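*Asks:* This is what each chain is made of:
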Amino acid sequence: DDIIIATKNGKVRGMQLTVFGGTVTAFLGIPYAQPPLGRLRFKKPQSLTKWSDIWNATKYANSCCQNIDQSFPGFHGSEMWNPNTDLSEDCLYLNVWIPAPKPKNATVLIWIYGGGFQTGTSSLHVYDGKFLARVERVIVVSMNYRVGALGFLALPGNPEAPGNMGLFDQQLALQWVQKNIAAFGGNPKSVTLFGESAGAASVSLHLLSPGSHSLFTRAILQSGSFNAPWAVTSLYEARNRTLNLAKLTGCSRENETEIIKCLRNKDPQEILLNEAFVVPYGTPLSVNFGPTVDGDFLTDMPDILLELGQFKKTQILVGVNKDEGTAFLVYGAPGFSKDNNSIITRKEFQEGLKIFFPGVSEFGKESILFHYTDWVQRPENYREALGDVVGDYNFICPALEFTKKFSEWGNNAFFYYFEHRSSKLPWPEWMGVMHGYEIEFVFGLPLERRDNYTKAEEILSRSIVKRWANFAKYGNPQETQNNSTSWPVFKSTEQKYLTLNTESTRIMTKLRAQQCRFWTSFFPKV
Amino acid sequence: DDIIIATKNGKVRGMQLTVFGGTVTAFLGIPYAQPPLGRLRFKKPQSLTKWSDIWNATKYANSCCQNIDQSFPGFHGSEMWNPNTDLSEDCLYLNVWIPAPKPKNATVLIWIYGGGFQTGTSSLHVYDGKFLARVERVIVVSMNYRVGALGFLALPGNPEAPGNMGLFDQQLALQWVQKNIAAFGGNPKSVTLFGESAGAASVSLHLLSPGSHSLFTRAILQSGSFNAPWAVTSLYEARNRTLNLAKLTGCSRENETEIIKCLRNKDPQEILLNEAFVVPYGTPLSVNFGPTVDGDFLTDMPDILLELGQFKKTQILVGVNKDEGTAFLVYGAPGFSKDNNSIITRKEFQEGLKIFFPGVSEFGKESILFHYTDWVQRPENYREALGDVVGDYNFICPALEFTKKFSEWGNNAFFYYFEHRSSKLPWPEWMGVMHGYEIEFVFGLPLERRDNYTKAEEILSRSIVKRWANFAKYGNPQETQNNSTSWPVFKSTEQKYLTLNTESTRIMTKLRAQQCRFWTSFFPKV
Amino acid sequence: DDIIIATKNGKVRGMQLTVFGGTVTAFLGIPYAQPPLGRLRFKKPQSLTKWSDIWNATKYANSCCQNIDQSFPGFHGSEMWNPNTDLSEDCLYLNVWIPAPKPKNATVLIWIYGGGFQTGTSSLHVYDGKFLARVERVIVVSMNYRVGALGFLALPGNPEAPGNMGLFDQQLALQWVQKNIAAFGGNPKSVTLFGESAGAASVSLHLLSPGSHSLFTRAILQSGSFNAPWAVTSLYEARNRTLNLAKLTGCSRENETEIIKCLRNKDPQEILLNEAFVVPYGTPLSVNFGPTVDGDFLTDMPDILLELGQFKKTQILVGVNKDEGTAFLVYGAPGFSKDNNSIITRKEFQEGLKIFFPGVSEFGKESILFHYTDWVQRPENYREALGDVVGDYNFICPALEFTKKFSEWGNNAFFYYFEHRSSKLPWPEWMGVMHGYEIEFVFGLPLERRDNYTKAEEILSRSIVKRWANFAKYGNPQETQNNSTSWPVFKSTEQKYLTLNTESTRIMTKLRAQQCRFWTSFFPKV
Ligand SMILES: *[C@@H]1O[C@H](CO[C@@H]2O[C@@H](C)[C@@H](O)[C@@H](O)[C@@H]2O)[C@@H](O[C@@H]2O[C@H](CO)[C@@H](O)[C@H](O)[C@H]2NC(C)=O)[C@H](O)[C@H]1NC(C)=O
Ligand SMILES: *[C@@H]1O[C@H](CO[C@@H]2O[C@@H](C)[C@@H](O)[C@@H](O)[C@@H]2O)[C@@H](O[C@@H]2O[C@H](CO)[C@@H](O)[C@H](O)[C@H]2NC(C)=O)[C@H](O)[C@H]1NC(C)=O
Ligand SMILES: *[C@@H]1O[C@H](CO[C@@H]2O[C@@H](C)[C@@H](O)[C@@H](O)[C@@H]2O)[C@@H](O[C@@H]2O[C@H](CO)[C@@H](O)[C@H](O)[C@H]2NC(C)=O)[C@H](O)[C@H]1NC(C)=O
Ligand SMILES: *[C@@H]1O[C@H](CO[C@@H]2O[C@@H](C)[C@@H](O)[C@@H](O)[C@@H]2O)[C@@H](O[C@@H]2O[C@H](CO)[C@@H](O)[C@H](O)[C@H]2NC(C)=O)[C@H](O)[C@H]1NC(C)=O
Ligand SMILES: *[C@@H]1O[C@H](CO[C@@H]2O[C@@H](C)[C@@H](O)[C@@H](O)[C@@H]2O)[C@@H](O[C@@H]2O[C@H](CO)[C@@H](O)[C@H](O)[C@H]2NC(C)=O)[C@H](O)[C@H]1NC(C)=O
Ligand SMILES: *[C@@H]1O[C@H](CO[C@@H]2O[C@@H](C)[C@@H](O)[C@@H](O)[C@@H]2O)[C@@H](O[C@@H]2O[C@H](CO)[C@@H](O)[C@H](O)[C@H]2NC(C)=O)[C@H](O)[C@H]1NC(C)=O
Ligand SMILES: *[C@@H]1O[C@H](CO)[C@@H](O)[C@H](O)[C@H]1NC(C)=O
Ligand SMILES: *[C@@H]1O[C@H](CO)[C@@H](O)[C@H](O)[C@H]1NC(C)=O
Ligand SMILES: *[C@@H]1O[C@H](CO)[C@@H](O)[C@H](O)[C@H]1NC(C)=O
Ligand SMILES: *[C@@H]1O[C@H](CO)[C@@H](O)[C@H](O)[C@H]1NC(C)=O
Ligand SMILES: *[C@@H]1O[C@H](CO)[C@@H](O)[C@H](O)[C@H]1NC(C)=O
Ligand SMILES: *[C@@H]1O[C@H](CO)[C@@H](O)[C@H](O)[C@H]1NC(C)=O
Ligand SMILES: *[C@@H]1O[C@H](CO)[C@@H](O)[C@H](O)[C@H]1NC(C)=O
Ligand SMILES: *[C@@H]1O[C@H](CO)[C@@H](O)[C@H](O)[C@H]1NC(C)=O
Ligand SMILES: *[C@@H]1O[C@H](CO)[C@@H](O)[C@H](O)[C@H]1NC(C)=O
Ligand SMILES: [Cl-]
Ligand SMILES: [Cl-]
Ligand SMILES: [Cl-]
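Protein sequence lines, in the order shown, are assigned to chains A, A' and A''. A prime marks a further copy of an entry chain.
Numbered per the deposited numbering, the first sequence spans residues 2 to 377, 380 to 529.
Numbered per the deposited numbering, the second sequence spans residues 2 to 377, 380 to 529.
Numbered per the deposited numbering, the third sequence spans residues 2 to 377, 380 to 529.
Keep in mind that the hints were calculated from the coordinates and are not lab data.
Worth double-checking, as some hints may not be accurate.
[As the list claims (entries may be wrong)] Distance windows between CB atoms, simulated:
no.	chain 1	residue 1	chain 2	residue 2	range
1	A	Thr-258	A'	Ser-487	48 to 58 Å
2	A''	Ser-487	A	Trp-412	44 to 54 Å
3	A	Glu-411	A''	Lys-103	36 to 46 Å
4	A	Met-16	A''	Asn-241	25 to 35 Å
[What the hints assert, rightly or not] A partial selection of chain A'' residues facing chain A, derived with a Cβ cut-off under 10 Å:
no.	residue
5	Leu-18
6	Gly-22
7	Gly-23
8	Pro-102
9	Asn-159
For each residue, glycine too, the CB sits at the ideal point set by N, CA and C.
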């Protein structure tokens with residue numbers, strides 16, 4: 002041991018790891034599709050022709066091409082999200098963590114990484130399945146999927162650049178688990194997708210894709226949903242951007258297919274560079290190349306499918322963090338530094354609004370100003388206001404609204420409001436419970452003793468881990484043993500959600516009702 | 002392209018068309034059965050023996066034999082409904098419009114043309130599927146089916162003239178789509194029939210035929226339903242008429258089969274001529290040769306099947322136009338011209354009644370007079388009254404009552420009251436929102452810019468097109484994106500329907516409750 | 002006759018027996034697995050390689066290894082439970098009683114014997130299926146399964162001593178009935194498990210095991226349920242005990258598998274001897290080697306599975322006896338003899354508590370004292388109090404609570420409170436309606452005329468037999484013919500149960516509500 006699994010594609014060697022005085026077998030870097038190179042760039046992921054021999058699956062594989070956030074070189078806070086393996090066009094691999102001893106029929110969890118469809122990789126320390134396998138005895142799988150232009154370049158209906166390639170990657174990863182996980186003792190019949198930010202959005206898209214209906218069982222959505230403003234691109238911009246990219250690399254043409262031929266020949270880095278520029282103005286949140294209505298993976302605008310109950314029927318767990326917005330302020334909002342406590346002026350608030358809502362009518366920005374700056380004298384007012392604006396508009400509202408409309412079609416849905424600030428959080432107090440900073444608690448990182456999270460925090464993680472685990476296994480996110488708070492189903496009438504924190508978890512109603520009325524009812528009209 | 006599809010019968014070449022700066026592939030004139038000639042006249046449609054080679058499907062096929070309305074030669078208003086291809090006994094072809102690029106799993110719409118089972122053809126400009134394919138990205142199919150004696154000559158249980166042949170045509174067209182549409186990327190599992198007048202009535206008959214149960218998914222019924230007075234013929238008249246036709250062409254006999262032998266030998270035109278005469282007196286609405294209880298396609302009187310829940314269970318969309326009746330006044334009601342504004346006298350009203358209800362007891366006509374001429380002094384009174392009489396009795400009531408009884412068996416049904424007068428309507432103001440004059444808005448004709456419908460009208464059509472499209476795809480006729488009125492389900496209790504027009508669409512209750520009580524409860528008894 | 006059945010394993014000869022002037026065919030001692038010897042000790046039961054020839058199945062087979070209760074040598078009361086055939090490692094056989102004449106499609110009852118997973122055998126006189134076959138014309142099957150260390154030695158995940166072997170025995174017995182009972186005219190589709198004490202607990206475990214889902218139909222649970230304090234062992238003690246046993250027989254080691262190798266070589270009796278000693282202190286109720294969460298038969302802690310509806314959905318019949326506790330007092334509670342009427346002092350009561358709750362905090366024992374000794380002056384007070392304590396805590400509460408949570412997931416459940424003292428009961432009046440002393444009435448022993456139960460008692464048994472029989476056959480424990488009390492469904496709200504006794508059976512609510520609140524809500528926290 003020496004431990005080999007016989008996948009319907011070939012053999013793969015794992016590697017034992019120690020976890021809290023236990024063994025977990027890790028299979029890192031298994032290829033699930035055929036490297037999408039040269040002639041395959043911009044295409045749907047291709048079948049894997051069975052390899053002969055043993056695949057040594059003992060190091061994370063190459064992350065996919067992407068730009069790297071370099072606002073704060075050396076800063077953990079920002080860098081912990083940067084890829085930690087070689088960027089490459091060759092990146093369609095996935096990881097599996099089965100607990101040891103090999104389990105009989107384990108529920109499988111599949112992770113999908115966030116990062117605006119532009120950045121991300123499964124190999125991040127915060128996405129380490131090894132703990133979940135150890136503690137809740139499930140199999141955890143994660144995959145890498147193409148991002149930015151390379152994964153979502155869209156030339157509508159044109160099979161050369163049909164769009165949503167990254168999404169199809171994910172899907173092929175699901176098929177893989179479908180055909181193989183049993184060999185590791187996984188139960189293909191009990192599969193729960195979960196992701197965060199674009200990850201969550203992807204999870205939600207899978208609920209809508211018929212292609213995915215049967216590739217999984219349940220779904221968890223952490224800070225994100227397709228109906229978020231940043232998540233889907235109109236078939237119009239999709240084109241404008243594909244063309245803009247073409248111009249920007251001297252690839253303009255007559256035969257459309259030729260433009261793809263052209264681009265198929267540029268250097269990854271030359272593409273990665275211009276991506277930033279295919280829109281007139283951008284935001285800290287610009288998702289330049291994302292999912293589109295391709296009439297393949299997505300068969301119609303998804304708000305319509307959601308609206309009219311056209312999606313997998315099953316339970317869902319959904320939730321957000323107390324301060325989704327803050328993380329972004331520091332990438333362009335005048336007055337905001339990660340270093341000063343970023344008190345800003347009314348004048349600057351107006352300024353911040355211009356940054357996050359570039360194309361929005363002057364009236365539109367006025368309404369936002371008006372709704373959020375109706376003060377309850381206090382210095383931080385405008386600072387926090389702009390936070391919530393971004394928070395509420397990009398994450399918390401579309402999140403809530405998805406949950407709402409989904410449960411209307413008769414399914415159980417649970418909602419959480421995560422409101423705990425890791426005490427090891429490298430960013431400043433004021434950014435509060437930040438976007439993406441619950442992931443570590445979900446993957447159970449605080450369970451690691453020599454790690455310096457607090458006792459409070461170890462407990463919390465242990466609880467969440469269980470709730471999630473349970474939700475995966477039985478479609479019910481209860482913690483039944485340590486006298487916990489019962490987590491109520493989210494009905495479209497009363498709209499209850501559970502708060503997650505180290506003190507007391509409480510049951511509450513109608514999260515951000517006031518604000519989301521504005522974002523949901525009024526603002527789409529300006 | 003050059004674009005060939007490989008049907009389970011042979012190959013067929015389509016033809017690209019430009020539509021609002023887009024391509025749609027049209028396959029016009031595909032044969033779906035084996036020409037019903039000489040020995041096959043009056044029989045059920047026969048299997049198509051696979052052809053060798055390529056079928057060029059690039060012009061509409063022959064319309065089927067029928068008489069032609071010649072009240073108003075040169076008048077668009079009446080002539081737009083006349084066949085626009087060669088009449089022929091050889092006419093069992095169908096059209097398909099798939100949007101381009103070829104879609105993956107498109108919902109299919111099948112059109113069935115109206116015209117009292119006596120007239121009609123799929124090739125009419127107003128039945129042009131090319132727009133629907135373009136705009137809502139569905140596949141549209143329409144077929145021609147035998148009409149008048151040639152399609153509904155009934156000699157009950159006699160396999161030579163078993164009746165309902167035209168209906169079986171339609172059905173074979175459905176089987177065709179069932180076996181083939183996938184090759185064009187159609188999804189046989191999501192098929193919605195829709196039709197108008199006799200078309201609608203046919204749609205409704207298919208809900209009752211077991212032979213059709215599995216050949217489609219949903220149903221739309223525009224101004225018509227089997228339970229309409231004109232729609233089904235008693236097994237008695239069916240015979241009286243088959244014999245009368247025989248006498249009228251010197252075909253009378255002893256061996257019944259011989260009468261068919263005889264008639265199988267006359268010239269189409271000789272049959273078409275006498276059709277008009279097989280009844281003692283007729284009306285502008287006489288459907289001389291129609292669907293009968295053949296114990297094959299219809300297995301029992303259909304009002305009983307409807308009454309006792311014996312039909313496909315599924316959603317239905319049903320509706321009528323504000324002025325169904327007027328169109329007919331001008332083909333015999335004394336005082337009515339398309340040219341003068343047709344004010345008529347009480348004496349003439351009585352006269353009109355005689356025309357539309359020939360066989361009805363003197364008392365019967367008195368009740369009608371009495372119920373409708375209870376004035377609210381105004382000149383047009385009697386004119387409008389006679390309109391509604393015909394409207395309410397032939398269309399609006401049986402329409403409503405069908406919906407009612409159908410939804411009682413637990414299915415979702417939606418009802419519309421179409422009340423907009425095309426501004427390009429060749430008939431006079433007084434005829435108002437006329438019978439058959441919503442078809443063009445359903446097929447999206449006003450979407451064509453250089454066409455001179457109003458802006459109001461383009462919007463409306465765009466809306467209807469969507470609602471229909473949606474209803475086809477998801478069984479829900481909502482327009483979810485442009486802040487529209489929600490279209491309520493039609494319950495047998497509250498009876499809500501949605502009004503369709505250019506100003507505001509409203510939700511209302513109990514369409515023509517007063518009048519339909521009379522037509523439904525009282526009149527069948529006189 | 003001479004009567005041979007052709008099992009998918011070989012032939013087996015039965016033996017006619019006379020029963021109330023009738024014949025019943027008994028097939029005693031059929032092997033259902035391959036003797037678990039030497040190399041197979043501690044393993045899951047192994048397939049039976051088809052034997053050639055006829056198996057004479059005409060005497061009960063060997064009981065399995067176990068210790069023998071020798072507190073009261075010669076006393077029927079205690080000895081009637083001791084094994085009545087040779088103890089042997091070779092003991093995987095089962096009995097079948099089919100009524101004669103061979104029935105067509107009889108409902109099958111499978112008995113599972115109690116005895117703390119430490120003791121028991123199917124051959125006991127009180128488990129004699131011959132009467133049930135005769136009277137209710139069903140097939141009764143019972144099996145022997147490994148007990149104590151030999152059947153539940155657990156070395157978690159280690160396939161050498163994977164734990165729950167006895168449980169798997171039972172399961173293999175169920176598979177057997179599944180594959181074969183038809184040959185005896187049994188209907189594999191209508192199979193009801195029933196058992197008592199550990200038997201019941203086992204029945205309940207089968208409701209949770211997916212491995213068993215499809216091996217039976219309904220379930221009856223007499224004085225016992227997995228959620229009883231004595232029924233499942235934590236994966237921690239399971240190990241501590243496997244090691245302690247190792248030390249105690251000089252079997253300690255490095256390679257775990259070696260410890261099994263070691264133990265695989267000791268003499269049964271050497272193992273049986275030390276079993277008593279693997280815990281620090283014990284109780285009259287100590288179930289030293291029992292079912293554990295093996296992640297095979299049990300796939301997760303069972304309270305969680307029960308809590309979250311993860312079990313076979315089907316009807317259940319559950320119940321307890323009026324005085325479950327008394328039976329145990331006499332194996333260690335100071336003051337209690339089966340010979341004096343065992344009045345005890347407050348000081349002794351405290352003393353008794355120490356015996357039954359050894360590890361429990363001083364506070365914990367105080368609460369018990371406090372809750373139960375709040376007197377209503381009467382001498383027996385403390386005597387009865389300590390009885391109920393043991394009764395309520397080990398049996399009646401966990402019994403009730405199981406029923407409650409089970410019915411919450413939408414299944415019909417019936418509850419009985421058996422409160423009749425056999426007049427042939429060898430123990431003293433004060434022990435009242437004792438643990439295990441309804442079994443004889445269920446198997447219909449009082450139906451035997453020359454047997455000296457009373458008339459009252461014959462009736463009662465006849466009634467129970469019927470109710471059970473009915474419950475097995477139709478999932479409804481009614482006695483429909485002799486004007487009986489209707490037995491209400493047990494809802495989680497009103498909690499009705501039926502009392503069983505010779506006078507009048509009554510419908511009552513909320514059995515031991517006061518006390519079980521304490522045991523269920525408060526005590527798990529001390
Ligand atoms: C679609 O793109 C056009 C062109 O974008 C420009 O050229 C690209 C290659 C890239 O370099 C971008 O940064 C450029 O902006 C857009 O037209 C531009 O944007 C606005 C028009 O609203 C205008 O201020 C700029 O001057 C235009 N650029 C030039 C020089 O033409 C346009 O925004 C996009 N179309 C829509 C409506 O989405
Ligand atoms: C808060 O800090 C921001 C960010 O400035 C950077 O970080 C600070 C710690 C400090 O070291 C600055 O010098 C760094 O540049 C300040 O934003 C700057 O403000 C002035 C105008 O007021 C302007 O000249 C800079 O270009 C600004 N930088 C940007 C791009 O916003 C801000 O003023 C500080 N606010 C307070 C009052 O604390
Ligand atoms: C069935 O038909 C008879 C005969 O119809 C007539 O002959 C046909 C060939 C055709 O030429 C029709 O126009 C003729 O009317 C019907 O009997 C006639 O109708 C009424 C009787 O109610 C009477 O006024 C006519 O004189 C009859 N014609 C003759 C000359 O016999 C009759 O209406 C039909 N039967 C029923 C009850 O439906
Ligand atoms: C309305 O018009 C009808 C239809 O008549 C035809 O069209 C008119 C525009 C006019 O040009 C007529 O001459 C055309 O014949 C009139 O109906 C006629 O009325 C008279 C008796 O009053 C009669 O001699 C004709 O035969 C009728 N035609 C028929 C078959 O109905 C009608 O009188 C006009 N009504 C008014 C007052 O406007
Ligand atoms: C697990 O077992 C240890 C050891 O049990 C002892 O040795 C066994 C072979 C057997 O002979 C037992 O009877 C022995 O008790 C337990 O430790 C003992 O129990 C308590 C500690 O709580 C203490 O009073 C004894 O002295 C310990 N025995 C010795 C001499 O070490 C212990 O109870 C078990 N562990 C747990 C926490 O369950
Ligand atoms: C009730 O009897 C118990 C059990 O004692 C045995 O059975 C009795 C019938 C009698 O014959 C005893 O001698 C037998 O030993 C008595 O328990 C004993 O009590 C005394 C102390 O009071 C003690 O010396 C013994 O060891 C005890 N035995 C045990 C292990 O409990 C009890 O005293 C009797 N109680 C009364 C008052 O009836
Ligand atoms: C794969 O890696 C392992 C590392 O221990 C080794 O046993 C084996 O030789 C390797 N096989 C190769 C060289 O591919
Ligand atoms: C695993 O569990 C499922 C139940 O969801 C079952 O159907 C499947 O056959 C099991 N496979 C095994 C026996 O491991
Ligand atoms: C409950 O808390 C106990 C500590 O008392 C711990 O052992 C266990 O892991 C906890 N369970 C969960 C699900 O948090
Ligand atoms: C069918 O029609 C098309 C028209 O372009 C042509 O390409 C082809 O030759 C035709 N085949 C024949 C003659 O049937
Ligand atoms: C098309 O869609 C249906 C779902 O209604 C599906 O069952 C069918 O297999 C699909 N065919 C494809 C994959 O195109
Ligand atoms: C909604 O209206 C917009 C114009 O603002 C138009 O682009 C779109 O087609 C409309 N949608 C429907 C379904 O009418
Ligand atoms: C089995 O036992 C019966 C007892 O009557 C007898 O008929 C038969 O000979 C026996 N067969 C043997 C010896 O195994
Ligand atoms: C016995 O009864 C079952 C009904 O539960 C039936 O399905 C099965 O085929 C029967 N076998 C026979 C005919 O004995
Ligand atoms: C009902 O009582 C009668 C005696 O009157 C008896 O024959 C019969 O067995 C009884 N039935 C049951 C189910 O006890
Ligand atoms: Cl808050
Ligand atoms: Cl009106
Ligand atoms: Cl009691």
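*Asks:* Would you mind marking each hint as holding or not holding in the structure?
*Replies:* Quick rundown of the hints versus the structure:
The hinted window of 48 to 58 Å between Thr-258 of chain A and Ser-487 of chain A' is violated, with their beta carbons roughly 39 Å apart. The given range of 44 to 54 Å is respected by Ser-487 of chain A'' and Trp-412 of chain A, whose C-beta atoms sit roughly 47 Å from each other. A hinted range of 36 to 46 Å for the beta carbons of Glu-411 of chain A and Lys-103 of chain A'' is inconsistent with their spacing of about 57 Å. Between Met-16 of chain A and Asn-241 of chain A'', the C-beta spacing of about 31 Å keeps the proposed range 25 to 35 Å intact.
About 43 Å separates the beta-carbon of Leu-18 of chain A'' from the nearest beta-carbon of chain A, more than 10 Å, and the hint is not met. A hinted interface residue such as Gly-22 of chain A'' counts as satisfied when its beta carbon comes closer than 10 Å to some beta carbon of chain A; here the least separation is about 52 Å, so the hint is violated. For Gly-23 of chain A'', the interface hint is violated, the least distance from its beta-carbon to any beta-carbon of chain A being 47 Å, above 10 Å. Because the closest C-beta pair between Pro-102 of chain A'' and chain A is about 44 Å apart, greater than 10 Å, the hint is violated.
The restraint placing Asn-159 of chain A'' at the interface with chain A holds, with a minimum CB-CB distance near 8 Å, inside the 10 Å limit.
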